[PDB]
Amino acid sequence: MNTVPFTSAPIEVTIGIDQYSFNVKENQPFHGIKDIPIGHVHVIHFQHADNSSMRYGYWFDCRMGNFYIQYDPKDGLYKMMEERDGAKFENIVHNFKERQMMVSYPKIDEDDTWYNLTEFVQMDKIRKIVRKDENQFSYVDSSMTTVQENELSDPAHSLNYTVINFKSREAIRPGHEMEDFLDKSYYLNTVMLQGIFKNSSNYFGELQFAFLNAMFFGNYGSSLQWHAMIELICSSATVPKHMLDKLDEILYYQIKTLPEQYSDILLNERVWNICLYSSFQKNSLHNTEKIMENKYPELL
């Protein structure tokens, strides 16, 4: 188990760690998060009490370095930093633990939700979507635009998701216009899976990462990407059966995890009704359909 210490907490803030969150009062003696599960990526995220504008946060993997949080009063945010002095780091963590100034990551022994939400998400793929090569961790916030959003404005601060556009020459073979528009299997299997992602695990990793950024930051372009990647599969008549089986599992967990009161802003009615009730795969998403109907029957 690993630890992200905090130098201090000078401003009142709601801190998230993965699907958990807790409130810290201004100048309260908070010095970090311990007992953090090795083996998964994680995200530590922030929403200031005095200015809920900008949710922001950091994706990281404790196997790749020793990371900590320190507030910067000039830029006005909690920043992740890497500590290269390993013996300094262990000494700081040990002291804070001895004084019980850290909260314990609240995982229940039965609960595989984080693994299920991040099964295909790897730090290396995150770092290609979020480009800041000098850090081993990746910053995301609520306002960051996607590359495709910037084509339709600072490129260094963009989310480089794979562009999906159903009315593009990439999606539509000359001479197969009707075929490729009404059935997206070419675009899914040849262009995206074989050509760009190389395999379905990388496709699902980006889909899962887009969902989590939508949910944790309210990032609108991430929500667009998540829905586009679902629609591309659902609108394809020919999809490997293992992908269809796993997508239902992946989507069920995402719909089950979403905060009930955020459903109006995180779910696209058109996409979900099309995917569940009209698409080629309308009968391939058993559990996603069951949880959607029991939890969000209004959307449908």
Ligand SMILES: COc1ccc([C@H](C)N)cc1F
Given for the second form:
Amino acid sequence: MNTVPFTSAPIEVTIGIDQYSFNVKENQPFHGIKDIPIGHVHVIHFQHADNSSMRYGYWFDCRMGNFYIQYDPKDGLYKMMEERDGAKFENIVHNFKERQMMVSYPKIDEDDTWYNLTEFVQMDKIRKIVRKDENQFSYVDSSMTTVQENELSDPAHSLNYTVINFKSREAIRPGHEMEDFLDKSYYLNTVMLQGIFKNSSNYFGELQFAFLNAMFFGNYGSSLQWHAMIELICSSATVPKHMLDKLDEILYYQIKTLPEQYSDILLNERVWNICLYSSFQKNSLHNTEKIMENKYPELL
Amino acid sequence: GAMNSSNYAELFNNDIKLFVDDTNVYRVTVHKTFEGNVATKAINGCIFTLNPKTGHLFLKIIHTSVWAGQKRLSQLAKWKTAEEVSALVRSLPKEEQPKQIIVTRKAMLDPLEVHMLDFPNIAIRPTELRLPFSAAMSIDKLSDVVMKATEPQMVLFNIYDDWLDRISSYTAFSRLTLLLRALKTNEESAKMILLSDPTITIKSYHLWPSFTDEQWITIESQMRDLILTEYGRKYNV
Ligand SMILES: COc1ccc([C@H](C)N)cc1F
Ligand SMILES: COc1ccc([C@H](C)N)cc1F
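Just the form deposited without this ligand so far, so send over the form solved in complex with this ligand.
Up next: the whole complex, starting with the chain shown before.
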């Protein structure tokens, strides 16, 4: 069980850690989150009390280093930092724990939610979408735009998701125009899976990281990326059976975890009605279709 | 974006452009089978591709053999239209290729766009106008070449005949749309109007009769009367 120590909490802030959130008051004695389960990525994120503009946060893996948060009053945000001195870190955490100033990641034992949302997400791939290589952790916020978005203006602060575009030459073989546009199996299996992602675990990883950035930061281009990757599988007549089964489970948990009040902005009517009711895979997403009907029948 | 009444003069400027109408590409006669079921039997069709400024018509004849063994033919027809338009473009010298192609039906946008990805600087646009290009098979010489075709074939016409020697493209397009609207609302009467007296005749190299200026006014008036009427005869007014 790992720990993220906070130098202090000088401004009133809502703090999220994965799917949970809590409130800290201005200058409340607060020095961290403890008992963070090892073996998953995590995200710690922030919504300031004064400015609900800009949700922001850090993706990180405790196995990759000792990380802490200290507020920066110049840039006006809680920043993640790495402490390279192993025993200085241990000694800092131990005093915070002894003084019982850290909140506890309240994982219910029955609860596989975070594993299910992050099954294929790996820090090494996160760092390739979010290029900032001096750090082992990755910053994201509400306003960051995607590479594809900027093709339609600071590159250093972009989300380098894999560009998907159904009306592109990448996607459409010369002389297979109608075929490839109505059955995207070529573009999914040969271009994306074999060529670009190498395997379906990497593809699902990006899909899951897009959904999480959309939900936690309301990153609009992440949401576009999540819907795009779903639609590409659903619009492909030929998909490995194991990918469809996993996709159903992937989506089931995303849909399960989405706040009921955010469904208007984060769910795309066309994509969902097409995937669930019109596409090749309309009959291959039983769990996802059942929860979508019982929870968001309005959208459909 | 879309083409409508406000940006109407754009058609007649010096940017090369084509309309594409696909309404006669896939044509069927529906009939009963021996067993008392229904079956379609297709007949030859055509893509109506027209330069509105010059009047050059590229009439690609769609022979029924193209549908042999195919499923979802109404959807295939939109992609077949798009394949043939894109090939036409590719066959043209660069300086003759269109800067825009305007489809008369929005369902042609995706198929044409996908077939034209190599031409990123050719704009594919819809239109809000309700153009009567479906009545192009009411023109006898066009209907003839289509029905006689035993194979795929491209025939070139000027749908304005020699009109441009005397009138502007704007006026020539307006006469054409009026004749076509008339043929669409009541083909018989429109046709009765056109060849009223044998002194006026259709030249071998033309589609429409050789009318004087003064006779085109009389005809245009008779076509408007026809069109307003049928609108009465239809809504009772
Ligand atoms: C809150 O956690 C820490 C606070 C301060 C430091 C270093 C000495 N700047 C390191 C930590 F790990
Ligand atoms: C990680 O610490 C917490 C997480 C959630 C809460 C409540 C249930 N919002 C409180 C915490 F102290």
